[PDB]
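Consider the single chain below, provided in structure tokens and representing the form deposited without the partner chain.
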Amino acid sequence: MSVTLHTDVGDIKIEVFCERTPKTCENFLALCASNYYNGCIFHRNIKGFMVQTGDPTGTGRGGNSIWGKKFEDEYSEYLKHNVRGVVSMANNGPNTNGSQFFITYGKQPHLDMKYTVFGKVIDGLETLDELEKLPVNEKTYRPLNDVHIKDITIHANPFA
């Protein structure tokens, strides 16, 4: 239920909410566990708004769920883009969730009920600061230099 993203500019620990968003959880974890994200870049980085990643093709149009078919949204009145560091699934319309996800840089209430929030950054906030600071192509918002997710670590919760 906890994950760490090992990026080129630091580590970012994300806590996932499996109980509220179980399908989004299972998917995210399956992809992390199967090295799907290893190597992805952050293709869209919009200061004061959010950073996006999870697209193996790095174009912003690729990526797919562990099922190979987009799944449904899992909204919750409890989960909202109201604090900096909220993690959600990107989509191109209702129920078109694949593998891309993004991290907010601050409150973005106009995203609630449109994107599935499934996690939060609980450690590595300075890394978020690094990311938001990267120079981008003013027209496409793609960083001048590629920033990848090197590896991912899934924190096992004492059991087995």
Given for the second form:
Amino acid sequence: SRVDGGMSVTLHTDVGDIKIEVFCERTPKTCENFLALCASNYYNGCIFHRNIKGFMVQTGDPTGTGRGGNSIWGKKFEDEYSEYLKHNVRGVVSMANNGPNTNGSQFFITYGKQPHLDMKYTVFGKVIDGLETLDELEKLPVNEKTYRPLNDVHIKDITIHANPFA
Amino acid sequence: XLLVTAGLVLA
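Please give the corresponding structure for the form solved in complex with the partner chain, as opposed to the form deposited without the partner chain shown earlier.
Time for the whole complex; same chain goes first.
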């Protein structure tokens, strides 16, 4: 009888690595979509187009505008909520959206507790390692009415990790 | 306010 520690990915950014555990047991579709886009190089070259100190940093848009991106299936998909998955700590990873069931590819990472998002945005991950990298991202000189970082900071490429207990 | 949308950014 073996154990499966599940899948996780490491975001290789211009300012460091961020390792994210992906809750594939709870949010299956969100999990497969994230892993698939990650493997297709979809996020390679993506910048964090909106960084709000104390709130969250958002990315996942190839176009870099703020209204781009889509799912591996090429069509927005349903939300996946769980009463045990909440924006209660610094480092939760969730899917941005424009209302119920409009999940595509954009996602964000919280800089702290953000209870008003619970049950409104699908949380599918958590930063397990590389918290340092999050601090660098937060204290980044940004615009002021757009929060667009002054200097572009990208996600160079992504490493997918398999079951740690294989 | 503090929302995470994709396109129409609101307050």
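The term rigid core refers to the most C-alpha atoms you can superpose between the two forms while keeping them within 1.5 Å. Positions refer to the first chain, counted from 1. Residues that one form lacks are left out of the comparison.
Once the core is fitted, the segment that moves between the two forms, counting only runs of three or more residues with each CA displaced by at least 2 angstroms, is 158-160 alone.
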